[PDB]
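Peer 1: Could you slot chains D, R and G onto chain A? The hints should help.
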Amino acid sequence: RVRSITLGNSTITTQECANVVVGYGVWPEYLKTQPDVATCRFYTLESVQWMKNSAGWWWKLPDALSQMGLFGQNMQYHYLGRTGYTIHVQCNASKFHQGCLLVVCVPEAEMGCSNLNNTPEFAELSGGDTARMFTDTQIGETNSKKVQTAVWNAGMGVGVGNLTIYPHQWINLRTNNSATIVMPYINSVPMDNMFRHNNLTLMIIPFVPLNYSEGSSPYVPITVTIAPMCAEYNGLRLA
Amino acid sequence: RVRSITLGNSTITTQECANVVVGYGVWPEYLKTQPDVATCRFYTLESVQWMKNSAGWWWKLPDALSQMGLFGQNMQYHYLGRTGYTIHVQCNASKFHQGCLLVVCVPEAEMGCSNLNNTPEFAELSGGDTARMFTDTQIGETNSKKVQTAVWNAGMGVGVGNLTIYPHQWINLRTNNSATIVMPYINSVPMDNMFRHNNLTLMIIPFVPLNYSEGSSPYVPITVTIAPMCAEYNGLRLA
Amino acid sequence: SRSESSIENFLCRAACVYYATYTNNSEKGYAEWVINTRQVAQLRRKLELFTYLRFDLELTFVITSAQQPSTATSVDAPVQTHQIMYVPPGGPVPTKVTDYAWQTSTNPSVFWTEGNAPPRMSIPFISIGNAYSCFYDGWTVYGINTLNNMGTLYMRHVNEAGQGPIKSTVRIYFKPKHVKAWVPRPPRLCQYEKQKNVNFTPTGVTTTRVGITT
Amino acid sequence: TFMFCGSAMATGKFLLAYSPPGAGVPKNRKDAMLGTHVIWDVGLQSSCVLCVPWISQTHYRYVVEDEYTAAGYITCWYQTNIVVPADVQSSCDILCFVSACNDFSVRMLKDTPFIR
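These protein sequences, in sequence, are chains A, D, R and G. Quick note on my numbering: the first sequence kicks off at 1 and runs consecutively. Quick note on my numbering: the second sequence kicks off at 1 and runs consecutively. Quick note on my numbering: the third sequence kicks off at 1 and runs consecutively. Quick note on my numbering: the fourth sequence kicks off at 1 and runs consecutively.
Please note that a few of the clues may not be correct.
Said to hold, decoys possible - Calculated pairs, DSS-like style, for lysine-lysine (alpha carbon to alpha carbon, straight line, at most 25 Å):
1) R:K175 to R:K194
2) R:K28 to R:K167
3) D:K145 to R:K196
4) R:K196 to D:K146
5) R:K46 to R:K175
6) R:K46 to R:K177
7) R:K196 to R:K175
8) D:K145 to R:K194
9) A:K52 to A:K95
10) D:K32 to R:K180
11) R:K196 to R:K46
12) D:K146 to R:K194
Keep in mind the hints are simulated off the structure, nothing from the lab.
So that you can see chain A by itself, here it is in the shape it has in the complex:
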């Protein structure tokens, strides 16, 4: 069965019996100053092409929606804000395609730099709506301000197989093709500046590479849909 979900002036369709992973057992809620409900619309980013040699993709959350409608408008307008997210990841593949994906949302995914003495620049840390790709090779140290994008360390100097500690969902093409992660607001402060701090990082890493026989489509599109939940910002009026 297919379930159609409409949010604002946007609507998407999902398999009725799809499993949703709630981040830490906590749904997005309001801070127990000024909320916005016109932002509650699905934002379908550009689809990426999963290939045989694909190493992975990642998107920093606040930044990914920085050039999308009122949410971006609110980001430049207000100085402070806080919000949760609902992330939909969908793959369009046939039964003749095989592969396994890890879809994980990492809070405060601070990333290292190829040069041990420096830190990565903003461009390399985030591409906004554009996706950032991991690399199956090791970035050389000569490079001065790029992210060490070796997949098996996930750019954080940890075991990539241990990323399952963070809210995640597996996409096994033979079994399922969609993932839904509900991420609450997680921070050490009640509100924060959205332009200088990326609270969340969504990662999609192929643990089992995509495989197919000659004649089948040589790619599998992956579509990311993000819907901000319970967004609210600081007031701008007097007392």
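Peer 2: Only chains D, R and G this time, still in chain A's reference frame:
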């Protein structure tokens, strides 16, 4: 006594016992599709300088607020809309100044052209936030697309002394210095395009010229404050 | 009381708005009039006391004919029948006496023969808007408001030409019925200059006397 | 709190605008009016009181000293000129007063930087 009125993030002060003229006995109301309440803020236009030789000023309503915040934003965004207005006119004069003003809001104030064969251009019919001034002389026919701005005809080929038929308030400097006109939505259609049709025209005409003795301020500022009331536009979503 | 100053008693009066002639041997012998209230200055001024108006239309046609010179030894023309076609806004319009538009079933027409009571037809409020506008401060050309289209009237001889030409003249009588008016306006002071616009030439506020004191 | 200290016969209008942190200072009367503002008529009132809002990075307490951080501004503009009768001075003066309005609090006592 002074009464302070706050609308949105703007606040103005008025004499508590000021008399308000309701346009036609009807307060602005909603159409018995999409309303906007962030537009409900006072818009204080640039003050004009009432002088001895001043003939008058006028502002076309929708156009005057076309470059003001969300109201202008809504004007370019939505194709159709409707709204009422509350107009505050205030003069800053001393007891040593004398003069009388007519403050009148004319619905559908269609204006003639100096050249009898043509029609006035948009620039001459409205200056947006800038005020358009009447002239105590008669505009020559040579001119091709200008408004016939002779005051005694009010640019409409009528007796200027008969403008009191339209909702109006007199400002006699020796008695009062402020005027408040509440104008409902008046049109032959429930909603209209705000960029191609000026529903209302506010006019300020000095019937008794400003006079003062040497030493007094040679001008009297006139401040116009307009607050859209019960504004609503067309929907933009599916059914 | 003031019953005679009501809107209905003020505007519900028949008036000759248009007058035209058409002969029966020209191919162009047909009269046309776009229905508009700006044709007659007296009626225009009375309607322009208000901004928005809503009314029905009652039209009475006074048609008379006159014999034109001929060379026939003897002329014995039978009684003449006239066709008055009302073309609703957007309907087909004729360009000749012999034209398909004269036979359009959706263009209501009156066939009337001379000697009887004058023909009469009524048109209701046919605007997509909620009222007619005598003034429009906007653009569609400044101040046109195409929502005021009321249709066109056409007139022609039905009989074929005989042994002598016949010239007919039609007088159209216009009467608003069940009138409703809104938003009073100052009476027109300057003389009307154009039928299409409100253009005016500046004139004095009133007539002048010698001095402020008797 | 702003107090107008001109003559009782002077009249005029002032636009007092508050810019929240992050937003830049207004450059014109129009830009000031489009933001949070109050129109102050000295002919009607001699004093105007504004209570600027807290607005901080959900920090509850924020540092007394600061470093190139969003500050927030207050500015005043001539809505109209000062209208004055004959034999009255047009040049006047305004006094500004400050005080804590809402639930003010401090933390972590230190040494004042004003002593040597």
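Peer 1: Hint by hint, note whether the structure agrees.
Peer 2: Quick rundown of the hints versus the structure:
1. About 23 Å separates the Cα atoms of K175 (chain R) and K194 (chain R), which keeps this hinted pair within 25 Å; it holds.
2. With a C-alpha separation of about 12 Å, the suggested pair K28 (chain R) and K167 (chain R) falls inside the 25 Å cut-off, and the hint holds.
3. A hinted pair counts as satisfied when its Cα atoms are at most 25 Å apart, and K145 (chain D) with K196 (chain R) qualifies at roughly 16 Å.
4. Between the alpha carbons of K196 (chain R) and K146 (chain D) the distance comes to roughly 18 Å, so the proposed pair stays at or under 25 Å and holds.
5. A hinted pair counts as satisfied when its Cα atoms are at most 25 Å apart, and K46 (chain R) with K175 (chain R) qualifies at roughly 13 Å.
6. With a C-alpha separation of about 14 Å, the suggested pair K46 (chain R) and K177 (chain R) falls inside the 25 Å cut-off, and the hint holds.
7. Proximity of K196 (chain R) to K175 (chain R) is assessed by CA-CA distance (about 21 Å); at most 25 Å being required, the pair is judged to hold.
8. At roughly 16 Å between alpha-carbon atoms, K145 (chain D) and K194 (chain R) fall within 25 Å of each other, so this suggested pair holds.
9. In summary, the hint linking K52 (chain A) to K95 (chain A) is supported, as the alpha carbons are separated by about 16 Å, within the 25 Å threshold.
10. Note on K32 (chain D) and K180 (chain R): the hinted pairing holds, with a Cα-Cα distance of about 21 Å set against a maximum of 25 Å.
11. A C-alpha spacing of about 17 Å is found between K196 (chain R) and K46 (chain R), which places the hinted pair at or below 25 Å, so the restraint holds.
12. Between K146 (chain D) and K194 (chain R), the direct Cα distance comes to roughly 17 Å. Compliance with the 25 Å bound is thereby established for this hinted pair.
The structure agrees with every numbered hint stated previously.
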